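Chemist: Working from the sequences, and respecting the hints, build out all of it.
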Amino acid sequence: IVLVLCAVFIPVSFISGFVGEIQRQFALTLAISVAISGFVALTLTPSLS
Amino acid sequence: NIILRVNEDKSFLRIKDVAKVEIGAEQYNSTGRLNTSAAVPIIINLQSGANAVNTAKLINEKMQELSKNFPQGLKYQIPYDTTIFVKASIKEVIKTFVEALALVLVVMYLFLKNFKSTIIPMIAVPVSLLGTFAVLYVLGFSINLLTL
Amino acid sequence: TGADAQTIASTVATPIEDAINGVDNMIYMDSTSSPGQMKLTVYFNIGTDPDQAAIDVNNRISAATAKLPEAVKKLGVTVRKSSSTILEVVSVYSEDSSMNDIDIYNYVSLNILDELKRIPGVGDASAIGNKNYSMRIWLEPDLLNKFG
Amino acid sequence: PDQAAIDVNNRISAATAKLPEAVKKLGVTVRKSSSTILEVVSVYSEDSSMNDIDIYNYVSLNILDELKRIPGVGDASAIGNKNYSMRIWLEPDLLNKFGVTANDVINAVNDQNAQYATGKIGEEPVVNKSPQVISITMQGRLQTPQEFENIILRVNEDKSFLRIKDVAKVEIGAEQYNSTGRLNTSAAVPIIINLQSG
Amino acid sequence: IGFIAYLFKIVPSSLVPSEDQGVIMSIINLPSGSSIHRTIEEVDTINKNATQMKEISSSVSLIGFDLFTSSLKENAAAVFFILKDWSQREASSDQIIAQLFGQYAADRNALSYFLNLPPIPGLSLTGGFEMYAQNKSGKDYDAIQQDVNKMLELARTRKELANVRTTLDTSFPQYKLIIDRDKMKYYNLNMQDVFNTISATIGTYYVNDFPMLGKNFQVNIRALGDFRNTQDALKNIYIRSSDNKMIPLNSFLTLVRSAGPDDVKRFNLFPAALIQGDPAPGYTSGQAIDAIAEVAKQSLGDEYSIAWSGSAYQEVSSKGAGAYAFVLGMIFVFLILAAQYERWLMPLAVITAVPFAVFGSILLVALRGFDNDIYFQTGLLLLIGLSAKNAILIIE
Amino acid sequence: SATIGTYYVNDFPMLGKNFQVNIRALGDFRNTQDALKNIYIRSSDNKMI
Amino acid sequence: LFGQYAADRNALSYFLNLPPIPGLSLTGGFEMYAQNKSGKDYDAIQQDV
Amino acid sequence: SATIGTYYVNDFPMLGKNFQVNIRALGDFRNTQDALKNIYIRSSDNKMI
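Chains as they are written, first to last, in the deposited numbering: chain Z, 447 to 495; chain V, 249 to 396; chain C, 51 to 198; chain R, 100 to 297; chain F, 546 to 941; chain B, 744 to 792; chain G, 645 to 693; chain E, 744 to 792.
Hints were generated in silico from the structure; no laboratory data involved. A few of these clues could be false.
Cut-off 30 Å, straight-line C-alpha distance, at most; resulting in silico cross-link-like pairs (BS3-like, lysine-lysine) [said to hold, decoys possible]:
1. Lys335/V <-> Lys316/V
2. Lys681/F <-> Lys760/B
3. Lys258/R <-> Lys196/C
4. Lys268/V <-> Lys196/C
Modeler: Written as structure tokens, this is what we have:
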């Protein structure tokens, strides 16, 4: 899931133009969240579960 | 008293006879009004590449320090500050985030039906989201409406 | 000071404008000459370091400074990296109303303003009205003629 | 390239005192430079109607400035240095005759061919306020060769003014006639485009 | 799929929706030649009316200061009206604008534009293309004014351009000084001395600094306002010749009334005018940008050159890449999936799921009337990721 | 500096840009001496030397 | 050294060992600039201070 | 500035580097307070004051 999700996000971030920049901050922020959430889901949630 | 010319008789032609000298404004062409009351408006222009929010905050703080040493009868007000619209809008998104989290918690507590169960995902939400902030600091990505 | 727009466009603006015509990463430049003042904002390609940009322009304008008229040179040809946009306007107003506006301007300029340009992120801090203390020698041309 | 430019500039000013006085008047200029000549573009009049000074002055005014605004372009220069000038060809013989030194001619041009400063009529402070503030506009600088000829050197004690025309021959002409350019055996102005560093 | 395509055809395209900033910036420009006293009377009146309005919390006025030019013009004046808190006020910013416009703009008969506040001239706003017409040819600003008024009329007849305006003004009244050089020489007067006298009297001359309050403050010499109040003022001024006789300024100098432009604007080293335009609701900003271009090309083509500033330059020169990027993202997804599934055929199942969410969004959006703003474009991407998860988990 | 070689007094406005105004003798600077003899400077006593 | 020249009333001499670090505030002292905004003469400033 | 103090008139070239040419008065004539009575400046009337 993480790879598939970040896969769509990264090309959008690499889009040229200043709109690209506006859509780069948002695309990568989402990407960071999903990768981090994945690691948290893998490790933190079961332990506490 | 400056003597432009010394006459044939020992009388000195002075600025005072030809002109009137007084201490005034270098330019009389512009004034400022705040709420009809006369006032001197100072316009702040952002240095290119400088964060608006940080700069405004610093100015306000320096204004307060200056205000303490103001002569009696002098007060300062910051009528127009673009930053205000930004702070409010950013705050509104932050409020949405709190509301969103609370609503999600309720949906989860409906599906899980057990108090503790609902907590397990709850704790995960801020760890992940706050870790994101740390990452965007490394990237150097700034907080903005879109990131929030 | 005391000059028509066109004069300011020819004698003051064009030499400066042609000096900075080749500055690195310059997207476009715009000059506005008005009776008394010339403002020339040089815009740069996105991502050009603001500090480096200013350093270029400063280096380029130095050659043009000599060609400028003496009066223009005596006054400050200034290269500041500040956009003409106004982040915020602060107003200082006399509540006792005891003070005269020239006095109020002369307090802000001398004290309140200088601590503002120091604040980091304020590229330019300008008060409106140019009311600085000046000795004014108000000549009367009838008295000048009489006294030759 | 830029850091180097800053270091060099800082060292010119640290040693300002050591510099000769004349150098101080016309400041030393530190500029990033490029030796490479990316290309040489030559503009040539096919009609052979335009003379080289004119071609050079078409380039500088129009063609050159836009090429210097092309990104990645270092200084773009035309070799001739034939900029338009109101050359005032003094005739020493006439000058001696009419008893006028070159210096008098130079001084006259300084005063006559200049744009001075005029204030604004109807401006504050005024006791009786006028409805409109009116700027004053003046054209001191003389655009035409004939006007330069008309400049009055002196009155001459008979109300008959002496003029630059009496002692000289004014004409529009290049500042430096020293250099020319050839393309395939044809007059042209050679514009060299240097590549910016990086 | 056909519906999604149709909705994209209809959904208007925009950058960022407008949110009431909370402060209205009004530019008040009295007649071209109007002096400062008239200008102030005009603004005090507006300020008094403004305080009456329960909606407006406070007002700051910079008199004699034009915002756009950032230069001091006696006739211009800018007033910022600070409105109340969004909760504290039942009226939207634009509703408040209407009350103000009706109250004084129609009556005071003094030019007034009520605009919003933009943090960034272009980025904050949307579609406010401010193209410059830089003349190549050397022609009188008067002629330019004419020429740029024709293009303005054509812009009005253009099908989708809104509020097209030119900032250039060649009406300001200016006295033209005629210098009789022969007369001046007859009086044995240097020309520099002449003007130094005029700069000293009609104008303000800065001789030297004087010391006050531990600071250096300038010493300016100027005539009494009354003497320089009207024309013919030259008659009173007297300049001594080389001989002791004092010569009236009027003899060698004549002042004639002419109209000229106070603010000479130059763009990229060419005299230029500022044409400011906004895209009509029917067209996207881009279309509007290219529409104005053809108006300029048709009426100003021979001598004037089209130039663009701000957002408009960014858009025209963007030549933006990443059109392929979106397809690439999906291709990447197709491959990472066909390695998880180990079957080339199945990732197709998840990609097919993605249009369904897109359809729902570009549907609600075209229903409400919301345009395809960056917000929708971005929001899209999260809907595409979420749909993916529903799909990958099920197919697996 | 004026007769022998070009001297730059001031600028003029032709063609929308400022150009130099240069003063120089005409053809009276071809011979080494002839030139020295032809040029006359006024003295303080107002007599050409 | 201090005791040899303590006797002399013509030279005011203070002998200090070289500072351990090139820039220091071994004292930890405070440096305060009492600015005057009234444009007073320095002699007047001295008295006030 | 010429007599009591040092006046830098211009530069003279020595050993390949331009040194300064300064003008000051002999030290006897500036040693005391009545130094001023020795100095004389010419009026417009060409009379020494």
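Chemist: All hints are to be evaluated individually against the structure, with a verdict given for each.
Modeler: How the hints compare with the structure:
no., hint, verdict
1, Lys335/V <-> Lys316/V, "26 Å, holds"
2, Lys681/F <-> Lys760/B, "12 Å, holds"
3, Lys258/R <-> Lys196/C, "29 Å, holds"
4, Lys268/V <-> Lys196/C, "16 Å, holds"
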